[PDB]
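With one protein chain withheld, the remaining protein chains of the complex are depicted in position.
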């Protein structure tokens, strides 16, 4: 009997033991929650199934967030097993690699933009709708993951900046739409973390190294720190908070410039 | 020969005389600039031609921002007459009227979101890339229009809130991208004005009357006021300003509660 | 042994059982913390002693933040009992009442401004330096209470808006200065609550009712909700978070307009 005794949570975005989603799952499971998981396609099925069982779960559903059908069907199959749901965690973002490698103006094509926004922003709004029924049942909550490249420029984060800003406004629109029904909607803006969200990003070590120098606490956050703040936002302790973008960046966003 | 004597400006978005883009035109012509215009579709070629003739210009090109060829071609066409441009003004925004009516979570479907972001946000980035060689020659600037539904929730502004939030990040990324070449990128966040943008929005009237009671100046703003602001941002007086969102909203954004 | 087992917290500003500081005390004690308290003057000493007693504590001191020596003092006294502290909660805001009633420009006078800024903002900074040696010894945190009247205008909040804004900048400055030493500094920005901070405030009822209509959750926040949040920011669950203003306002801050 810990903080989330008897509570249920769907977790979209486990790719690896390094995912932010995995730090969240683990913090939620630590506190007594029962877990469900999506996987984007066949190739990942077996690795996700595997992670689910590590959490006492065998509730593992196909969900590619590009396909309208895949979304509703995943929430449908989940209705069979679950009465309701205490939260939906969205840890999904993606842009074609090329849009994230170079000058913003040169490399930002229309398809790269469509994919960035569709997978990284619209999808949260879609999952939310597909999940409304199951969330009204328990007055659960939604959480997504954003990045402060929405507010301030980072080199090569590019169209993902625009997509996250879209996400953030989404959070607010959802919180206003769903609050009436007692559904809370929040986000965590996490500092950079070495996950498979770094693969193919040439600058990544040097980004991480700058963060470590600039941030008030002089260190980079972990998936355990993002997890624990996710846990809080997913728990009755966060009952007075909706439409919030909670920064978990060891204070980086607060610095206008560091000792050089 | 006033503030913009012998400077060249292209204006995407005049549709009627209510348009913010017309307000901007009037203001830029008034201070001695040479103008050029685009139109979205045939239906409109006619009235835009007139308006351009009204502004002592015959540089009018087709530009539906949905089509990459058309963006590329309007800028390939323009460079025949001008070997440098002093600013491009982006005053285009659109989402399907169904996504602007009712509950955010219920109405915001994939194609609806896709269109909003594509026309309202991507288009400005694409227009920036096309105007780059033309802009680079005179160190002109870019300007776009936004609305504060990006930052806080308005009823029924819905997905446009997201698209505007995307747009505003675009302003910032373009600014950092294009900055080394001395191209400045700015936007105006204007208060609500009754224009063709108001059409099909049942709530608009009462929406406008709330603004009147809340704004510090106790009145709505006009396309003149927005035009004069845009003129400033396109003038040598704005030379130390880029990446800025300028609020022309009678101070509405600054008020949390008004005598109720 | 719950979440704050074996941790120690000094709470400044419990004045009655409606207080913000009270819901915080109660939240930290519940989770195992041992508590210490200040009182502002002789006339409150008894109820605070009572309240400390309530929460298993005999650690209770005088501290008027107008007077440096009483700040140096109260921490010197505390060192006698504690060799290190896991956090100091500052829940203290005052302005002479005539500054909080009527027109901002008419009523904001030099002494009124001084006082508001002295007690409400400088005091967090004074307490921080005095607590530095003791916080350093356990890598504890700091927490203050702010209100959104800093960011957006509210009717007679007036010079307290200037105070809280100065305070919030305080939080950021403190965060960078104390982060190298592992000390996290945060704020909670609470929605409005009827407490002794309402007690003189002519339009308080009207605001509480407006707030409730505008908030996406359609209710006011409680001291239990602000308490649970302070607890979070005061716990190892918030290790990755510093310089943050957390909004526990039921989403109020995110609403531009609500059905009229």
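Should a chain be cited, it is by its letter among A, B and C, assigned in written order, with residues numbered from 1 in that chain.
Keep this in mind: a contact is a pair of C-beta atoms (placed from the backbone, for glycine too) under 8 Å apart; a residue touches a chain by one contact, two chains touch by 3 or more.
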Checklist entry - Out of B:62, B:96, B:102 or B:179, which is the one that touches the chain we can't see? => result B:179
Item to check | Options A:3, A:95 or A:154, residue touching the unrepresented chain | outcome: A:154
Checklist entry - In the full complex, which of B:34, B:70, B:86 or B:225 touches the chain missing from this view? => result B:225
Checklist outcome for this item: Per the touch rule stated above, subunit B touches the missing chain via residues 172, 175-176, 178-180, 182, 184, 190-191, 215-218, 221-222, 225-226, 228-229, 231-232, 236-244, 246-251, 253-255
Checklist outcome for this item: Even though one chain is not shown, subunit A touches it at residues 148-149, 151-155, 206-207, 210, 214, 253-260
Next on the checklist: On subunit C, where is the contact patch with the chain that was removed from view?
Outcome noted: 68, 103-106, 108, 110, 113-114, 117-118, 121-122, 125-126, 128-129, 132, 150, 152-153, 158-159, 161-170, 172-178, 243
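Basically, only the chains that are shown with their structure count from here on.
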Checklist entry - Taking chains as nodes and touches as edges, what kind of graph is this: line, ring, star, complete or other? => result complete
Item to check | Innermost chain, where centres are averages of C-alpha coordinates | outcome: A
Checklist entry - Which whole number of Å gives the spacing of the CA centres of subunit A and subunit C? => result 31
Next on the checklist: Centroid from C-alpha atoms only, then distance subunit B to subunit C, rounded to Å. What do you get?
Outcome noted: 43
Checklist entry - Going by the touch rule set out above, which residues of subunit A reach two or more other chains? => result 172, 175-176, 243
